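Asker: Residues per chain, in single letters:
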Amino acid sequence: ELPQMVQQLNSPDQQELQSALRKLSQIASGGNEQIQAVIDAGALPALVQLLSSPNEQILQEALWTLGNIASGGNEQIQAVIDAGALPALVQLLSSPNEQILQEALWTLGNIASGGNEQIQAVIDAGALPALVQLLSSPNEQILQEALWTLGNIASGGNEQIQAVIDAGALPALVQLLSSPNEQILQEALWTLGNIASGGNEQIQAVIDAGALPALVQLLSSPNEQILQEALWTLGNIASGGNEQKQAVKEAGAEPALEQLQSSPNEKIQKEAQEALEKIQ
Amino acid sequence: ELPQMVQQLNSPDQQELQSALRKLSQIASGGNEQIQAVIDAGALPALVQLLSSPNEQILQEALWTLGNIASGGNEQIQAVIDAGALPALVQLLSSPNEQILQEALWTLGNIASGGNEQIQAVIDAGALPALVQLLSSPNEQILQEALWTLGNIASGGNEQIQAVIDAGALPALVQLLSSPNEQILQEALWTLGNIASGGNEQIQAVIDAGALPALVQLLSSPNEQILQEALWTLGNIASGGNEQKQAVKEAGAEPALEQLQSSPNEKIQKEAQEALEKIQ
Amino acid sequence: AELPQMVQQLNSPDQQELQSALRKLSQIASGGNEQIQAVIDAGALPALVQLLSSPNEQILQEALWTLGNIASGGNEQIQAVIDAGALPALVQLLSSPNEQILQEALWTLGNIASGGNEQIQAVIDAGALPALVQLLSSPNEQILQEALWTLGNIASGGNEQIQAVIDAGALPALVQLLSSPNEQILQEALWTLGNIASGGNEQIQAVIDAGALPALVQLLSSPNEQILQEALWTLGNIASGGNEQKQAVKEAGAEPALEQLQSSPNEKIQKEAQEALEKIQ
Amino acid sequence: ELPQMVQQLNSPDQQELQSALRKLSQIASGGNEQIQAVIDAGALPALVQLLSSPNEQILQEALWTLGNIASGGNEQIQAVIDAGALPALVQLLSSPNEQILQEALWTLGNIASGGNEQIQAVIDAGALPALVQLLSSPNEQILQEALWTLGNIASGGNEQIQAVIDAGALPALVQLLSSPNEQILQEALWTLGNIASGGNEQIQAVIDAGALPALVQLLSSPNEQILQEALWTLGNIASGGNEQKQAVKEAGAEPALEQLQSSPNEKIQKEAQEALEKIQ
Ligand SMILES: [Ca+2]
Ligand SMILES: [Ca+2]
Ligand SMILES: [Ca+2]
Ligand SMILES: [Ca+2]
Ligand SMILES: [Ca+2]
Ligand SMILES: [Ca+2]
Ligand SMILES: [Ca+2]
Ligand SMILES: [Ca+2]
Ligand SMILES: [Ca+2]
Ligand SMILES: [Ca+2]
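Residue numbers (the numbering used here), protein chains in the order written: chain H, 1 to 280; chain G, 1 to 280; chain S, 1 to 281; chain E, 1 to 280.
Next comes chain H alone, as it looks inside the complex:
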């Protein structure tokens, strides 16, 4: 009954087309067996292609359906990605249309709560620089949604976190730690906390950005939700490096570095000597 709804995404009519989209849009809302049902009927290419509709009613509906398909299994996120949604999503990040801009951020956020494979895709697709740009928005709804999306990215592996750092996000995050808007403060603390829970390098970048005095100050907050997030972030700062040191020691590092003691490249040699000195 359902590849019928699909072919009608191609329909000359807009009551028909939007009957179809409205239908497919609610079905996508009902959990993973239903999402896959939409997927297998081949809905993704149609829905991606409507991302360029000049009709905002078609556009926001398609956008909303992709976001919902993106809110299921990693495997279902991967299908959105495979359909080529990312490049389009990234362009919509420039919409002067606040409501389209928010739907696309939300969609990206959802994709970015996937595995590190789908986070890397979002990163490869060029999304970090627009997200960071948006950290300056005077619209607190877009700002919140951007912080969130960045938060999920910063919840991947260390290279994911490092991309976020390398895209320039930290100075903004640290200024928002002074914000008198508790909702924004807390989403920026949340994202910053994710950064702080990578390894040595990631922790160092947070420290070099001047987060610590701002975090120490938040420990006077009568707001226990913000106090808890400042303390959790601080405890990551204080633990991450030694825990990484010990995990590389566990992963084979002494041996590896001894073998390189005698490297024939001299620069690699001194550096390997230097690094064994450190894992003492």
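Simulated from the structure, these hints should not be mistaken for laboratory data.
Heads up, some of the hints might be wrong.
Quick partial rundown of chain S residues pointing at chain H, CB under 10 angstroms, derived from the structure [as the list claims (entries may be wrong)]: (1) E2; (2) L3; (3) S12; (4) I59; (5) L60; (6) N75; (7) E76; (8) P97; (9) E141; (10) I143; (11) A173; (12) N182; (13) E183; (14) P265.
Cross-link-like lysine-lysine pairs, in silico, DSS-like; alpha carbons within 30 angstroms at most [stated by the list, open to error]: (15) G:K270 x G:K245; (16) H:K23 x E:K249; (17) S:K271 x E:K267; (18) E:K23 x H:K278; (19) E:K23 x S:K24; (20) S:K271 x S:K246; (21) S:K250 x S:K271; (22) S:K250 x S:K268; (23) E:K249 x E:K278; (24) H:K278 x G:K267; (25) G:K278 x G:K267; (26) E:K249 x S:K268; (27) H:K249 x G:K270; (28) S:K24 x H:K23; (29) H:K249 x H:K278; (30) G:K270 x G:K249; (31) H:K249 x G:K267; (32) G:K249 x G:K278; (33) H:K23 x S:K246; (34) E:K249 x G:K267; (35) S:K24 x E:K267; (36) H:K249 x H:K270; (37) H:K23 x E:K278; (38) S:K24 x E:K270; (39) G:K270 x E:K249; (40) G:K267 x G:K249.
Heads up, the beta-carbon is just placed ideally off N, CA and C, and yes, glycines get one too.
Starting from the known structure of chain H, fit chains G, S and E with the ligands onto it as the hints suggest.
Answerer: Chains G, S and E with the ligands in isolation, oriented as in the chain H frame:
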């Protein structure tokens, strides 16, 4: 990110090898400086105040944070001490909140893993009586954290080892040599070993407390790991006076020692010789 | 997939499976208003209203969302929100530079204004109309759509409510949205203007005097069926007035446009198109 | 290599069982890529068996390993489940060893953080009655981990939420809304908040358990995490009923009801008739 990095230390790809090395050298420097930055930015006084918080959720985060700060070098541990943390930590040893009691013990355990100035501070804050009471906990999670901490204390000098003996830890530690839990058995053994590593009134009181028959009997354990610790302990005792050798003579040690020579475990065959040599 | 699978076991052959499926649908059909009433009876509204003055954006937003949910109940539930004193704070939040807070308050106001006339009139009496009207020229499509939705609920009341909307200067801005390239705003504008056009001859006349007809008439040539439908409904409403009203739609040239619709594939169209051309002879 | 490590997991040689155990737990503690290597080798089945071992060092290692793997993607979780872990993990809830008990819980809570069929495998294995009993534990560590697990379960579809209700969870959740312990209280709010985000019947159970007066008291809390969590739950109670009424309307419920006036059974006609009236 870590097994990758280590395998890349052997990579025939030169830029791959080199950047992997650079990362690994940074991770090798550890976290102590990052911890210091936390101290320098003023976090200690607030963490210490929060240790009297009646909010369990906050108090846990604060304890964890301090515990990690105490996972640093002796400088960072000493800073937690001079911040006034110890009185409240020793208080928390009476908490009926198992989640708070475990973090406090852990934290105390890191402090106790510094040098003897740091161990002495923990003794002098009165940690020992509680820690001894905890050796008879039916709660293995709590028992083992207490054993851990006691062990670190008992790895200090003879004044540290005596404080422990004086606090009445030996009977408890000995009862635990009858434990059918191998994780507790091993740690009780390690702690006994550290005690027997002291001078001669130290080696004596351990003998005095009836350790040897359990010790000897453990040599027959077919679990090489618990065998080692028991050997090592009996070897530390062997190392002592003459009344002391005569004491390990008397508890039927020679029979058991005699077999361990053929052991494919290189280490065990060394120590096992050392000890028989030592009697006479 | 609990709900589609439920809707299928009603057509099912098995009697047990039909039975219990129906038993669940029935409870679900009864909706959430008694559950909203229980939240009210346990004493939540006074703290919820207090939280509206809160410096904490996080707490304020959640409160706003709770209130708006409570107000998404029946008229009894809306009236309890009103009586607990929420409107002054809601109307206050209409000036807020915070878009997030602004949207929740518009939304909350929107739900209050989907009640009966007594509920709508309370919103009107709290002074919400001038800010709603000013927000119809916001460059923010999210804020604008929410203010349009609210005003349309308000204009879906009695003539006294419709006239309040008119008296607050809504029409110039509603007409100007008739030129929007944004289909979603255009449809809501048409709908609001359709409601206003569904009151008395003097309300209909104010719509004409505001210049709606020229835009309305063009919208009849729209390739967009959904836009074309709302345009027709509104024009239809206007056609449903006294002689002077019928003349003005004659004199904006609605007749040619309305004939070029009798031959239309679409369904709700020709019947309405017909009834419209009918009303002018 | 990895393939004879698996073979040695079922060796009689106790020593190389444990080297083979430790190594597998090492590599399987970093990244999803390594987890899979461990999986495809065939570690899972053997690892499940070691959950029977009377050696704690062995038991806890196996268990912690499974724990780590269960903290990957839904299909990694699924592979733990396919391996047969659940009946063992559920049994381990009866352990008098607190460390084992907590590790069994944490493992269960990770598995239960997957998609809905994973959550459902956990219900199916009979975890709910054990989880519900734990809600009376005087151990706050065990108590909190049980609530977290039940929280994860209640984050599935209404059928999963209903299975937490049917198992008797609500009266303890309700009582814990009075707890002066903020960590326990917050975790119960979260669980209850997940329950209340379900359908008309799920909200009705929460109402009938007398949640509302306590949730309403919480609106006076000076703790903004708690206050926010009480607003949220109350918000879900106020919306889920109407939102589900509309969701069934979209699911075609009207054609189906009208169709039932055509039943030969008056009861059915009457109910369908009462239903169609109500759906306005
Ligand atoms: Ca068309
Ligand atoms: Ca357009
Ligand atoms: Ca703003
Ligand atoms: Ca507070
Ligand atoms: Ca026990
Ligand atoms: Ca504020
Ligand atoms: Ca705009
Ligand atoms: Ca045992
Ligand atoms: Ca307790
Ligand atoms: Ca408390």
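Asker: All hints are to be evaluated individually against the structure, with a verdict given for each.
Answerer: Comparing the hints with the structure gives:
1. About 8 angstroms separates the beta-carbon of S:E2 from the nearest beta-carbon of chain H, less than 10 angstroms, and the hint is met.
2. The interface hint given for S:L3 holds, since its Cβ lies 7 angstroms from the closest Cβ of chain H, which is under the 10 angstroms cut-off.
3. For the restraint placing S:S12 at the interface with chain H, the shortest Cβ-Cβ distance is roughly 17 angstroms, beyond the 10 angstroms limit, so the hint is violated.
4. For S:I59, the shortest C-beta to C-beta distance to chain H is roughly 8 angstroms, which falls under 10 angstroms, so the interface hint holds.
5. A distance limit of 10 angstroms between C-beta atoms decides the matter here; for S:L60 the minimum to chain H is near 9 angstroms, and the interface restraint holds.
6. This hint is violated: S:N75 has a C-beta 28 angstroms from the nearest C-beta of chain H, more than the 10 angstroms allowed.
7. About 29 angstroms separates the beta-carbon of S:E76 from the nearest beta-carbon of chain H, more than 10 angstroms, and the hint is not met.
8. With 10 angstroms as the threshold, the beta carbon of S:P97 comes within range of chain H, its nearest partner Cβ sitting at about 8 angstroms, so the hint holds.
9. The interface hint given for S:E141 holds, since its Cβ lies 5 angstroms from the closest Cβ of chain H, which is under the 10 angstroms cut-off.
10. Against a cut-off of 10 angstroms between C-beta atoms, the interface hint on S:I143 holds, since the closest Cβ of chain H lies about 8 angstroms away.
11. Taking 10 angstroms as the C-beta contact cut-off toward chain H, the hint placing S:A173 at the interface is violated, the least distance being around 18 angstroms.
12. Evaluation of the S:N182 hint against chain H yields a held restraint, the C-beta minimum of about 5 angstroms falling below 10 angstroms.
13. The criterion of a C-beta within 10 angstroms of any C-beta in chain H is met by S:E183, whose closest approach is roughly 4 angstroms, and the hint holds.
14. Because the smallest distance between the Cβ of S:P265 and any Cβ of chain H comes to about 8 angstroms, under 10 angstroms, the interface hint for this residue holds.
15. Annotation: proposed proximity of G:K270 to G:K245 holds, straight-line Cα distance about 18 angstroms (limit 30 angstroms).
16. A threshold of 30 angstroms between alpha carbons decides the hint, and for H:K23 with E:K249 the separation of about 12 angstroms falls inside it, so the pair holds.
17. Distance restraint check for S:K271 and E:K267: the Cα-Cα separation of roughly 40 angstroms exceeds the 30 angstroms cut-off, and the hinted pair is therefore not satisfied.
18. Restraint check for E:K23 and H:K278: the C-alpha separation of about 24 angstroms stays at or below 30 angstroms, so the hint holds.
19. A threshold of 30 angstroms between alpha carbons decides the hint, and for E:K23 with S:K24 the separation of about 53 angstroms lies outside it, so the pair is violated.
20. The straight-line distance between the Cα atoms of S:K271 and S:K246 is roughly 19 angstroms, inside the 30 angstroms bound, and the hint therefore holds.
21. Only pairs whose Cα atoms come within 30 angstroms are accepted, and S:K250 paired with S:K271 is accepted, the gap being roughly 19 angstroms.
22. As the CA atoms of S:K250 and S:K268 are separated by approximately 22 angstroms, the hinted pair is consistent with the 30 angstroms bound.
23. Restraint check for E:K249 and E:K278: satisfied, since their Cα atoms lie roughly 11 angstroms apart, inside the 30 angstroms limit.
24. With a C-alpha separation of about 27 angstroms, the suggested pairing of H:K278 with G:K267 holds against the 30 angstroms cut-off.
25. The suggested pairing of G:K278 with G:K267 holds, with an alpha-carbon distance near 17 angstroms, which does not exceed 30 angstroms.
26. For the proposed pair E:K249 and S:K268, the alpha carbon gap of about 22 angstroms is at most 30 angstroms, so the pair holds.
27. Between H:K249 and G:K270 the alpha-carbon distance is near 27 angstroms, which keeps this suggested pair within the 30 angstroms criterion.
28. Annotation: proposed proximity of S:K24 to H:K23 holds, straight-line Cα distance about 23 angstroms (limit 30 angstroms).
29. For the proposed pair H:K249 and H:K278, the alpha carbon gap of about 11 angstroms is at most 30 angstroms, so the pair holds.
30. With a C-alpha separation of about 19 angstroms, the suggested pair G:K270 and G:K249 falls inside the 30 angstroms cut-off, and the hint holds.
31. Pair hint H:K249 plus G:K267 holds up; C-alpha atoms about 22 angstroms apart against a cutoff of 30 angstroms.
32. Restraint check for G:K249 and G:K278: the C-alpha separation of about 10 angstroms stays at or below 30 angstroms, so the hint holds.
33. A hinted pair counts as satisfied when its Cα atoms are at most 30 angstroms apart, and H:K23 with S:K246 does not qualify at roughly 39 angstroms.
34. Annotation: proposed proximity of E:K249 to G:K267 is violated, straight-line Cα distance about 76 angstroms (limit 30 angstroms).
35. For the proposed pair S:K24 and E:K267, the alpha carbon gap of about 15 angstroms is at most 30 angstroms, so the pair holds.
36. At roughly 20 angstroms between alpha-carbon atoms, H:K249 and H:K270 fall within 30 angstroms of each other, so this suggested pair holds.
37. Restraint check for H:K23 and E:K278: the C-alpha separation of about 23 angstroms stays at or below 30 angstroms, so the hint holds.
38. Taken as a hint, the S:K24 and E:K270 pair is honoured in the structure, with Cα atoms around 15 angstroms apart against an allowance of 30 angstroms.
39. The hinted pair formed by G:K270 and E:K249 fails the criterion: a straight-line CA distance of about 81 angstroms is larger than 30 angstroms.
40. Of the pairs offered as hints, the one joining G:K267 and G:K249 holds, with about 22 angstroms between alpha carbons and a cut-off of 30 angstroms not exceeded.
Hints 3, 6, 7, 11, 17, 19, 33, 34, 39 from the list above are not met by this structure, while the remaining hints are.
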